[PDB]
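Colleague: I would like the entire structure built from these sequences, with the hints used as guidance.
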Amino acid sequence: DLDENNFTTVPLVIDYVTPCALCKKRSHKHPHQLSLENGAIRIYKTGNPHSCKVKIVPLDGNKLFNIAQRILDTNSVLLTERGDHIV
Amino acid sequence: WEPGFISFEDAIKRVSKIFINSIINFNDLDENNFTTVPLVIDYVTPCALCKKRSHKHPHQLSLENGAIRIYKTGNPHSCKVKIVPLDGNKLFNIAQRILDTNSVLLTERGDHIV
Numbered sequence: 263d264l265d266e267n268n269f270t271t272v273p274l275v276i277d278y279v280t281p282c283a284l285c286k287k288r289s290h291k292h293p294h295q296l297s298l299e300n301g302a303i304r305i306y307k308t309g310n311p312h313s314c315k316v317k318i319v320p321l322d323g324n325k326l327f328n329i330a331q332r333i334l335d336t337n338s339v340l341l342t343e344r345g346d347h348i349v
Numbered sequence: 236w237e238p239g240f241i242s243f244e245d246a247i248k249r250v251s252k253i254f255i256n257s258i259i260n261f262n263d264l265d266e267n268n269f270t271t272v273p274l275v276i277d278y279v280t281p282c283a284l285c286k287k288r289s290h291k292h293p294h295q296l297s298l299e300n301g302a303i304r305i306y307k308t309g310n311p312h313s314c315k316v317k318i319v320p321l322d323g324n325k326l327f328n329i330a331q332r333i334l335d336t337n338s339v340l341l342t343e344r345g346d347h348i349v
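Here the protein sequences come in this chain order: A and C.
Take the first sequence: its position 73, counting from 1, is numbered 335 in PDB author numbering, and each next residue is one higher.
Take the second sequence: its position 21, counting from 1, is numbered 256 in PDB author numbering, and each next residue is one higher.
Keep in mind that the hints are not guaranteed to be accurate.
Once the Cα atoms are required to be at most 25 Å apart in a straight line, the calculated PhoX-like pairs of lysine-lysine come out as [claimed, not checked]: (1) C:286 <-> A:286; (2) C:291 <-> A:325; (3) A:317 <-> C:315; (4) C:287 <-> A:287; (5) C:317 <-> C:291; (6) C:248 <-> A:317; (7) A:315 <-> C:287; (8) C:317 <-> C:252; (9) A:315 <-> C:252; (10) A:317 <-> C:252; (11) C:287 <-> A:291; (12) A:325 <-> C:248; (13) A:315 <-> C:291; (14) A:287 <-> C:325; (15) C:287 <-> C:248; (16) C:325 <-> A:317; (17) C:315 <-> C:252; (18) A:286 <-> C:287; (19) A:315 <-> C:317; (20) C:252 <-> A:325; (21) A:315 <-> C:315.
Quick look at which bits of chain A chain C covers, simulated, 3 or more residues with Cβ under 8 Å [to be verified]: (22) 288-300; (23) 306-316.
Because the hints were derived from the structure by calculation, they are not lab data.
Heads up, the beta-carbon is just placed ideally off N, CA and C, and yes, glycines get one too.
Modeller: This is the structure in structure tokens:
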């Protein structure tokens, strides 16, 4: 059911065949929901999550590869016919 | 404020990452108000400051001895304190000092004369 749009509204349903890894209980009184802020996809329970813990997964795809791409696209390093880079 | 610590933007991104939660007046942060403005948290999840639904008081971040310190106003009993440092690769600041003395050069023949 999950799509790109349904991000911070739809609940995520979990059939706790085993105890929840978030809070080590037999099951949850309410499903979990996902949020996006400052480059993190936070995990939390819906309702009163005092006996719950927020988990975050960061979305940063190799910061150094992004910088490499930016420096490259600025067109300041070139590979010449002789094998020498010129900057 | 010293030009050796970090840019302001990196500091605010670090603190916003450490709240694990949003800030209503995040875009309202300016250069004039650094520690004088308490921070409102859109408590849309359980807190990470003390694993509570919401704090009845705001959180104030303070600067001392080259570090921003964050804590809760009022009753810091069911809470804790987090300290974040500001030192922008002290080795780079050292290396930039050494060039200020003008005591190492580069020569057309290709080697540095110290």
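Colleague: Where does the structure disagree with the numbered hints, that is, which hint numbers, in rising order?
Modeller: 2, 14, 16
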